[PDB]
Amino acid sequence: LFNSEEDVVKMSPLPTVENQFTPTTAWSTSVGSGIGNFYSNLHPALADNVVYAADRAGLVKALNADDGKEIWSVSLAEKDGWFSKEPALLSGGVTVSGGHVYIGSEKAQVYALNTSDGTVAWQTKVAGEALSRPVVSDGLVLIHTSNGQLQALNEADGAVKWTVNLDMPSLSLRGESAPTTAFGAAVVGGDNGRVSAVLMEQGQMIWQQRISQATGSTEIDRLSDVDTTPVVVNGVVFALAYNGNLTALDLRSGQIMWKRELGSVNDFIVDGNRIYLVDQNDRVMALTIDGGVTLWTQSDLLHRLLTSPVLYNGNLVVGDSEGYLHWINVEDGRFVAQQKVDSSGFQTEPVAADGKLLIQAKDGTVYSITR
Amino acid sequence: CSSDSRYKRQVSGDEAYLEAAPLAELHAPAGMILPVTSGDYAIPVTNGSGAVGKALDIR
Amino acid sequence: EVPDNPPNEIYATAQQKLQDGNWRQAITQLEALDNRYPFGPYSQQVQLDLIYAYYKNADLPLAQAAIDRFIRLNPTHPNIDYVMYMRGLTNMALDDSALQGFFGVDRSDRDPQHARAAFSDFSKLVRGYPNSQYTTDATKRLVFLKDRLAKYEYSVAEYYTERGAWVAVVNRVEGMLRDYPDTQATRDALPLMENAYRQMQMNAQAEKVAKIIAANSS
Amino acid sequence: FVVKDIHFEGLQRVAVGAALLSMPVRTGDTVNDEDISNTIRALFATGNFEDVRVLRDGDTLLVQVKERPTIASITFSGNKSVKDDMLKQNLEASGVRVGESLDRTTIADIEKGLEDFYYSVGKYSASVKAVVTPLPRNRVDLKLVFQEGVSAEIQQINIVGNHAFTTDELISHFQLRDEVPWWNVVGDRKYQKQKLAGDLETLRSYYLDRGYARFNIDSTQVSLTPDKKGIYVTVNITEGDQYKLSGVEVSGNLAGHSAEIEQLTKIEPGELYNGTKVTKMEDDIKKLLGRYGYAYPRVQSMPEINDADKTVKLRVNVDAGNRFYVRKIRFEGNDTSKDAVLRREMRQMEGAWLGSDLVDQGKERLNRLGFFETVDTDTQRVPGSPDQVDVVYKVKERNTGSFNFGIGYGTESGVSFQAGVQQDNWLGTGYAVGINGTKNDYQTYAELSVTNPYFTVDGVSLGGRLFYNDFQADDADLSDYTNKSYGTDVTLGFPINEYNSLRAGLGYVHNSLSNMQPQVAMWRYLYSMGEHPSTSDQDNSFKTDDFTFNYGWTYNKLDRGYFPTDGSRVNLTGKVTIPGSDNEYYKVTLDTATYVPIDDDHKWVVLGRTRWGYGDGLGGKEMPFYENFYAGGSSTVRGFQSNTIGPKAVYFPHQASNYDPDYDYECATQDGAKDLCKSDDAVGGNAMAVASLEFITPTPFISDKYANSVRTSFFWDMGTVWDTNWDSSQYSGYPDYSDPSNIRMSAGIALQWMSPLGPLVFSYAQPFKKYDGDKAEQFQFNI
Amino acid sequence: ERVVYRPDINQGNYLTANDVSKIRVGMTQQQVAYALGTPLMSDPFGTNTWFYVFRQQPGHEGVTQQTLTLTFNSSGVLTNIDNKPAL
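Residue numbers (this note's numbering), protein chains in the order written: chain A, 1 to 371; chain B, 1 to 59; chain C, 1 to 218; chain D, 1 to 783; chain E, 1 to 87.
Worth flagging that the hints you see were computed from the coordinates, not collected in a lab.
A hint or two may mislead.
Derived pair list, reagent style DSS-like, types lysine-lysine, alpha-carbon separation capped at 27 Å [as the list claims (entries may be wrong)]: (1) A/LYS10 - D/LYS112; (2) C/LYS211 - B/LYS54; (3) B/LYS8 - C/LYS56; (4) D/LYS190 - D/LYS229; (5) D/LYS705 - D/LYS193; (6) A/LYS107 - D/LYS195; (7) D/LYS287 - A/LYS10; (8) C/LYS211 - B/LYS8; (9) B/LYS54 - C/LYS124; (10) A/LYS259 - D/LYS112; (11) A/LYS10 - D/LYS190; (12) D/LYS112 - D/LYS4; (13) A/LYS10 - D/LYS80; (14) D/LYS287 - D/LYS557; (15) D/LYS328 - A/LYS10; (16) D/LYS287 - D/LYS112; (17) D/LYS190 - A/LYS107; (18) B/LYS54 - C/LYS17; (19) D/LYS229 - A/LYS107; (20) C/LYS211 - E/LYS84; (21) D/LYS394 - D/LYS287; (22) D/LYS705 - A/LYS10; (23) A/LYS107 - D/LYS193; (24) D/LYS83 - D/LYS705; (25) C/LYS140 - B/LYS54; (26) E/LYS84 - D/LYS396; (27) A/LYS340 - D/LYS193; (28) C/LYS124 - C/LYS56; (29) A/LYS10 - D/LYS229; (30) D/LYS129 - D/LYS80; (31) D/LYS705 - A/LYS125.
Just chain A, same shape as in the assembly:
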């Protein structure tokens, strides 16, 4: 009886299912358990048809495009953990800069694997698991970790450039604050309702702005935890704090041009003056950059755990954790193509790169998509 008393929240799965352009796959190959139904900051990389797919249990591959045959394949589940072949437990997403495949671990043992074979270019234990993808740029393996730390590591051996304290959430109030480089400033968001710029060159706070409060005494959403990844349009940061506060603001000082404290925002891109985002209700909206004014929107997808909104094959491709693909109109929110290529769900973002659209699904993992 006790199981039959709890209700659920309703969704809007798929009205106006259109396929007015046909959707298909570039290849569908499924490298398997990995990303999983388990919650994972890990996310693949795609470059030059060397399709860097991997598995959180340890198996790290590189695949070939158009077939998903493996260019190379290794594992990092070798002597890890307390019983020597534990799972690797990867936190940060797949980063490939040069001949190194950098992946952050939940062991906080970050890596670099030689992109020719998968052999370890370097590997280094860091402080705290990676809340972000290990942002490897300028030699710095810039990682915002779980302990509210900015760790830049060397991308040649793993020499930690600094471990600089950041926005510290009380618990692991989630949401990736990606350490991004903009105008020489290490620009990182925050799980405390703040965004910031730190020094890229040393880890010295350029500014940190109150983009106001997060979970704790004004509790914001824990079904929709805000992507605090900053997306700067060169002079104007367009970033969310951890209550869904999109903000136009200064990069050098953080001084606000306009903001959108409106509640938690799932996923987003700042596509010119057309900010395409996965809104609060798992729904699609187009905001502008002169204000966060709705240019157009779509509420056909409600409470469908969408992926990041990308523009591929001419239209707004948003996959979901229901395994469906949806080519939304780049104009007012209409399906252009719809493809349930997966049943396991897309937890990772559509890498609409290398001519393809790469996801790593949950257990139907590597499908790569075109139209």
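Take the given structure of chain A and dock chains B, C, D and E to it, following the hints.
The following block gives chains B, C, D and E in isolation, referenced to the frame of chain A:
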């Protein structure tokens, strides 16, 4: 048999403190005197109005 | 109980069932009167009639909250003497309610927690209202109550004699001494301190008690 | 200009003057248009006025008021199994209730606190909706609507900084659970932040017993996963290295007991450090000095953790209290029971130094009381002197008196009844009374059982038991076994230890038999008596009067006398006849009752319940047939009817019972056949081995107001009563019961309900591998 | 009769052999009260005699007691240390 109107009654009651207990005080020899009223057992023995017990009722 | 009615007719139905003896259903009025009209003029007297009805319907903690209410609701009132009396009168009835009295079984050896609390209220009556409508009544309680709490502590102090705890005999009956100057349980404890002295070889201290035995024989 | 009158319409439990004092301008005060507006928000500052319209007719005020007060009711519509009074505790916190005002602006704010109620549980998939429904004259019923989707549940733990111990083993070591498989079904695994914080200290002790004396936890961060479910937890610890207990340095006021302290510090220098073990040994000092009298020993240990050799040295700083703390003691919870009943139940004396264990000893006597609910106390040190402590034993008592189970036979067949009742120390006076008996038109029986258990200070247990069964087995008359059985049993209780206690007594039984059933085994006792009865016609009469010494001993280390959980109970009981008895025989008996807690939160306890007994004759006799062992029904095996475990005798072909009952009660008479017919009524053996295998289990569906009062236990109840000297020559075409493999097997569940008349134990139970001859009752009614 | 088994009886509020060496005749009550604290029995009506009386009974083996009463004067200065052993 005896019950003829479905009573919830013919039960116990109280009388006891209307049979108030007389008390025999100190008669002890001098020098052998103890502060025997050190407890709170010393009331103003006052007989302001009203009956005693069940004769004393109100609305 | 009673819906949103004229407050007097709820009281009239209360004054019916108060005088019907139907405190089963008078409290059905008097609470429902105090449900929507506790600020009425007789609604303080409704609480006084609630204490009246709770007692006759044997609702002593509900009376006790209502008595404590009238401490707070009307700390200036003529019927606080009623409230002070009925608190101890509750604490009279709250302390012992067993049916063993027809079997002649003592309940003064039973726990006098509310009988000590009635010893507050009945004495706080004859202190705070030595003139009131219950002061002849409350004094009759305390005269009975003083030996009753003594026969409690007597039945305690009897046991150390039975235990042979002669150290615990004397200080208990010295406790009975300094508390109770006059009670017969202490007057029956008067030979016993002499005994424990002789069991503790305080015969010389006992023969001083034996003169007090001799002085307080009568 | 100046107010001449205030027209204040609308009050609702706010008095006129109570609002008028909140007003700034009153009955002759100068009034401007600011005094209009000042009066508006000041009457709004009452917190009880929905709308305030202060106007004035020229200069005399008029205030048009709308009223917030009494909330008429609050409906918690569809709340959940989560307690709505606790949701009303969120309401009681927010200044609003029945009889109180309600601003309609604070709806979502309390609803946020209603959600932060769930957010404190670990639920945020939840929506709360307070509907402010207006009721007469201003009033409001507050229907509250509750849409709680799911909560968050413990999913994964990530421990970083750990290097020596696997995380998943600690997940089992913590109460933070993350699986309920079908291949290993366990309890559930939901979230609470209180469970984490203690399980941090689980890990803290876990490293403390190792010797990780530079261990700490840095921080921890549980994932606020975007689902409102996913609990993944970064656990940031500083493991440190292993340190060794290598020196104890006790110091301070050792009170001349430092040698005894050194017995409490009998250690190995260089053993791996265990500060949890130190935590005991500091209290061992407090147990040492407590029973020495010092109830307040200031013990301050200090681990001088020497990291140069990776060791711990242990400073300890001791400061005892005073010896003669125990002045007197107090007892509470004898409002209907006797003070001397409570005063006898202790071992620390008033006016001594403290025996700290004697307090616990007497509290165990109150725990071994049985007619108690709680054994609590308050060791209040009466201040001013360090010699005055009053230990205020506030105890609580349970039920008293218990009536038996009766069934049928009344007002259809005359005035006939099965009776029995208890008094449970006769309302706690000191007189252990349970009195039964039954007058029927089949028999007549009475039984008094009275004991002053503490009749003298050495626990003299004033045992007197009298019996008179005018048992006739009334078909119509003395045709089928009358037996007027009567006599006494006077016993006394003897202390052997404070848990060991002896039993002894003498037994007088006088029986007056006539016209017994033609059972050869029944005659085989009479043949062992030397008497030669009719195997044929039931005519035999028998007058006996045995004089019999009784004895026994018990071991009572078992926690509660009404609802224990740990320990075991031994009860030796036996009887031997003396010269002068009409039969020379013996019979001994022994039963076991072990309380073994499966989990030491004591919701799961092994109840080992067995029965032993052997009795035979002395000088060519037998132990009598009524002393043969019976079971089934209730006694130790449920799933049967009573008297269904044991050997079974055979009627001999007889003709008349001195009256042939016409096709009733036929036992191979003329109306019956003329052959040896075996009756399947279990006539019992000389040996008894029957067991009850019971398992304490909690209930997750009952309020623990009285789920503590009930006792649910499963069983497979089984065993064998068998006669080691049963024959296979007289019982060749019948079962020989010298086999102990006469195994009657049953199984079921115990269903206790503690009524005000005590426990009402019920049992559905069925036999599966039962030995034959059993009368079975599936659902049974016991006490 | 003679029953060899009997649980023991004791009663404290006494003084040890160290305790009498702490004090002497001429000390006040208070000088004793810094050394010995308070008794659990003083005089009922008389002088300042501080009663520190041991009692112990094992059972069928006699009785053990040390009656040590400390008669201070009316001023509270000590006048008698009454050592009394068992009977």
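The hints, checked one at a time:
| no. | hint | in the structure |
| --- | --- | --- |
| 1 | A/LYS10 - D/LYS112 | 21 Å, holds |
| 2 | C/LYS211 - B/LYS54 | 44 Å, violated |
| 3 | B/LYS8 - C/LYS56 | 14 Å, holds |
| 4 | D/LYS190 - D/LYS229 | 10 Å, holds |
| 5 | D/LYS705 - D/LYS193 | 26 Å, holds |
| 6 | A/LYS107 - D/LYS195 | 24 Å, holds |
| 7 | D/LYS287 - A/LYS10 | 62 Å, violated |
| 8 | C/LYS211 - B/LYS8 | 57 Å, violated |
| 9 | B/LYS54 - C/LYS124 | 21 Å, holds |
| 10 | A/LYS259 - D/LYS112 | 25 Å, holds |
| 11 | A/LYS10 - D/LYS190 | 23 Å, holds |
| 12 | D/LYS112 - D/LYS4 | 46 Å, violated |
| 13 | A/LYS10 - D/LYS80 | 19 Å, holds |
| 14 | D/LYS287 - D/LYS557 | 21 Å, holds |
| 15 | D/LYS328 - A/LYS10 | 68 Å, violated |
| 16 | D/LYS287 - D/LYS112 | 50 Å, violated |
| 17 | D/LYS190 - A/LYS107 | 25 Å, holds |
| 18 | B/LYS54 - C/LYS17 | 19 Å, holds |
| 19 | D/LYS229 - A/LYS107 | 22 Å, holds |
| 20 | C/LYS211 - E/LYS84 | 24 Å, holds |
| 21 | D/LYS394 - D/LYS287 | 23 Å, holds |
| 22 | D/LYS705 - A/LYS10 | 38 Å, violated |
| 23 | A/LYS107 - D/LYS193 | 24 Å, holds |
| 24 | D/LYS83 - D/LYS705 | 15 Å, holds |
| 25 | C/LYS140 - B/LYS54 | 13 Å, holds |
| 26 | E/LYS84 - D/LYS396 | 43 Å, violated |
| 27 | A/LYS340 - D/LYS193 | 39 Å, violated |
| 28 | C/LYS124 - C/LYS56 | 23 Å, holds |
| 29 | A/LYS10 - D/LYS229 | 17 Å, holds |
| 30 | D/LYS129 - D/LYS80 | 13 Å, holds |
| 31 | D/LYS705 - A/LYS125 | 53 Å, violated |
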